[PDB]
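**Q** Each chain, written out:
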Amino acid sequence: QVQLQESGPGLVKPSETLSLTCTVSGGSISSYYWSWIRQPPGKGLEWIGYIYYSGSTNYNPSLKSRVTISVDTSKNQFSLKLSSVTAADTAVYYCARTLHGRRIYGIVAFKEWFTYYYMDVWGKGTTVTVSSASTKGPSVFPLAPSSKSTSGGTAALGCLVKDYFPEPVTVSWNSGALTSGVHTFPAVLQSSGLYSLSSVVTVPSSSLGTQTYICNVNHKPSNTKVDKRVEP
Amino acid sequence: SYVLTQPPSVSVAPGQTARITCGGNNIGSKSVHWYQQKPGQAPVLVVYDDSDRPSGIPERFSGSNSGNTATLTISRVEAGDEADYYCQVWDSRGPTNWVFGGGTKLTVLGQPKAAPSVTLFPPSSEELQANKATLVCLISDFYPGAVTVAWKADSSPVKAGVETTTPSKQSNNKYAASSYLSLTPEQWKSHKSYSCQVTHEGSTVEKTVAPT
Numbered sequence: 011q012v013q014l015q016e017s018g019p020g021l022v023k024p025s026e027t028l029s030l031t032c033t034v035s036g037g038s039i040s041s042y043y044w045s046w047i048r049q050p051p052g053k054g055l056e057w058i059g060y061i062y063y064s065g066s067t068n069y070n071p072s073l074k075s076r077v078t079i080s081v082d083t084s085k086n087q088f089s090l091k092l093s094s095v096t097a098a099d100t101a102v103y104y105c106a107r108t109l110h111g112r113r114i115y116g117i118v119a120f121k122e123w124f125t126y127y128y129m130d131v132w133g134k135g136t137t138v139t140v141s142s143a144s145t146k147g148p149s150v151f152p153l154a155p156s157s158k159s160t161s162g163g164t165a166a167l168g169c170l171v172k173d174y175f176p177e178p179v180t181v182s183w184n185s186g187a188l189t190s191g192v193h194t195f196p197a198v199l200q201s202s203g204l205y206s207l208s209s210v211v212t213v214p215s216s217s218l219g220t221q222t223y224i225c226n227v228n229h230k231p232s233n234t235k236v237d238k239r240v241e242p
Numbered sequence: 096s097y098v099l100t101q102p103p104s105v106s107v108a109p110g111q112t113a114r115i116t117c118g119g120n121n122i123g124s125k126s127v128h129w130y131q132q133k134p135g136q137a138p139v140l141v142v143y144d145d146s147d148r149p150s151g152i153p154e155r156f157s158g159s160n161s162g163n164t165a166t167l168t169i170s171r172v173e174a175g176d177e178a179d180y181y182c183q184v185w186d187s188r189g190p191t192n193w194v195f196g197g198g199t200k201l202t203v204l205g206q207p208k209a210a211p212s213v214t215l216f217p218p219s220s221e222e223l224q225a226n227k228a229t230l231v232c233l234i235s236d237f238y239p240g241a242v243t244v245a246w247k248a249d250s251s252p253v254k255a256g257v258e259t260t261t262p263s264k265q266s267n268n269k270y271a272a273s274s275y276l277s278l279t280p281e282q283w284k285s286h287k288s289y290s291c292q293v294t295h296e297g298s299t300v301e302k303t304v305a306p307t
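Going down the list, the sequences are from chains F and E.
11 is the number of the first residue of the first sequence in this note's numbering; add one for each residue after it.
96 is the number of the first residue of the second sequence in this note's numbering; add one for each residue after it.
It cannot be assumed that every hint is accurate.
[Claimed, not checked] Just a few of them, taken from the derived set where beta-carbon distance is under 7 Å, the chain F residues facing chain E:
{"no.": "1", "residue": "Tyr69"}
{"no.": "2", "residue": "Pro71"}
{"no.": "3", "residue": "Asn86"}
{"no.": "4", "residue": "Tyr127"}
{"no.": "5", "residue": "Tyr128"}
{"no.": "6", "residue": "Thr137"}
{"no.": "7", "residue": "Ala143"}
{"no.": "8", "residue": "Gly147"}
{"no.": "9", "residue": "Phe151"}
{"no.": "10", "residue": "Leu153"}
{"no.": "11", "residue": "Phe195"}
[What the hints assert, rightly or not] Covered by chain F, according to a simulated footprint, are these stretches of chain E (three or more residues, beta-carbon under 8 Å):
{"no.": "12", "segment": "118-130"}
{"no.": "13", "segment": "133-147"}
{"no.": "14", "segment": "160-173"}
{"no.": "15", "segment": "181-187"}
{"no.": "16", "segment": "256-265"}
{"no.": "17", "segment": "280-294"}
If you are wondering where the hints come from, they were derived from the structure by calculation, not from laboratory data.
Just so it is clear, CB atoms sit at the ideal spot from N, CA and C, and this is done for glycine as well.
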């Protein structure tokens with residue numbers, strides 16, 4: 011299980027430089043290629059560039075002048091810098107492990123082959139919003155289970171995550187230990203320009219009395235971390 | 096640069112075979128790769144070097160490449176196969192070496208209907224103690240993905256302070272949405288109850304909550 015994990019600022023101001031890092035775990039940078047890809051809202055995939063573990067690079071011509079990709083084999087990481095951003099650079103950015111292939115279709119002495127690349131393991135994506143607006147961390151409130159949120163053998167309880175900017179926030183339960191039954195709803199964008207969302211977990215109703223449920227909310231752009239206990 | 100041409104959309108009924116094409120200019124002499132992107136998710140490699148299956152990819156997916164057309168064939172299509180599909184090749188010549196197709200939306204026709212499950216939460220004591228109040232109406236497991244939400248204070252419609260999301264697909268191929276009603280604690284305390292009323296396909300599910 012090689013895993014890739016993007017880390018970025020979430021919010022970057024117009025004209026400034028976007029900086030991202032991808033941390034590889036469960037495998038090595040060595041011997042592989044490593045790409046950045048982005049996808050602006052409602053658009054297709056745009057490959058930005060790759061880097062070989064040795065440092066050799068290749069870039070898409072459309073971003074070439076503003077981008078630099080680097081690699082750090084000592085930390086099993088690789089990174090991207092994008093200069094002079096505007097709102098056109100607002101997008102989800104992905105990192106992906108990239109493989110080199112060769113098809114030898116004829117005789118090797120006749121150099122009758124060609125090279126190709128493809129991306130086999132993807133990161134989860136990091137959302138980057140280019141905006142002059144200020145970050146705001148959320149308030150977090152418990153959504154208590156009750157006879158009005160039960161459905162026989164199961165019950166719903168949750169956390170309300172209110173008034174943040176920009177996207178995203180991540181919500182885990184019991185520090186990530188509780189995953190089954192977890193439903194984090196997409197955010198609403200309110201007229202105030204601020205987002206709100208709810209995360210709900212469905213649990214056994216018979217044992218609501220004796221179990222402990224805590225929602226962990228992380229909003230990276232504001233460095234907000236909240237743990238909220240949710241009980242009847 | 097080298098041009099990859101995909102249909103914007105392909106529609107099929109469950110159990111049928113879907114075919115997604117990628118043209119073309121002697122694409123048969125190149126190596127074609129395919130990616131699936133489900134709604135709200137990171138892309139996933141589903142075919143490489145024309146026909147190679149990555150580990151974990153369902154048997155129903157099959158890549159082929161010939162002449163001026165590469166095809167991704169999905170047999171026995173399921174609702175879960177709905178996604179955007181992109182073909183991709185690497186062009187040595189340049190200038191654009193990494194070419195993605197524009198992508199094809201696969202739509203699955205005639206999926207079963209599902210009425211929404213609705214849960215309504217009253218304001219928390221914590222939020223009230225901070226002099227605010229929010230009602231939270233969570234709507235899940237419905238299909239098709241269109242609903243309308245109406246709020247009532249007692250039996251009177253209320254439109255101010257309402258924020259509602261557009262539906263988005265869940266992991267189980269049905270849809271979810273949420274609606275929020277902002278109130279003052281005074282307003283919350285002054286009515287006998289508030290209700291969230293959800294209309295889907297002409298039928299309505301209503302949940303009510305009341306102070307304490």
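**Q** Each hint: holds or not?
**A** The hints, checked one at a time:
1. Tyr69: violated, 9 Å
2. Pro71: holds, 5 Å
3. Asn86: Hint violated; F:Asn86 Cβ to chain E Cβ min 20 Å, cut 7 Å.
4. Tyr127: Holds: closest Cβ of chain E sits about 5 Å from F:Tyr127, inside 7 Å.
5. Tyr128: holds, 4 Å
6. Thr137: violated, 12 Å
7. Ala143: It is violated, given that the least Cβ distance between F:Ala143 and chain E is near 18 Å, above 7 Å.
8. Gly147: Because about 15 Å separates F:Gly147 from the closest Cβ in chain E, which is outside the 7 Å limit, the hint is violated.
9. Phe151: Holds, because the Cβ-Cβ distance from F:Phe151 to chain E comes to roughly 5 Å (cut-off 7 Å).
10. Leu153: holds, 4 Å
11. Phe195: Holds, because the Cβ-Cβ distance from F:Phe195 to chain E comes to roughly 5 Å (cut-off 7 Å).
12. 118-130: Holds: 4 residues of the segment 118-130 of chain E have a Cβ under 8 Å from chain F.
13. 133-147: holds (count 7)
14. 160-173: Violated - the segment 160-173 of chain E has 0 residues with a Cβ nearer than 8 Å to chain F, which falls short of three.
15. 181-187: holds (count 5)
16. 256-265: With 5 residues close enough to chain F, the hint holds.
17. 280-294: violated (count 0)
The structure is inconsistent with the numbered hints 1, 3, 6, 7, 8, 14 and 17, although it conforms to all the rest.
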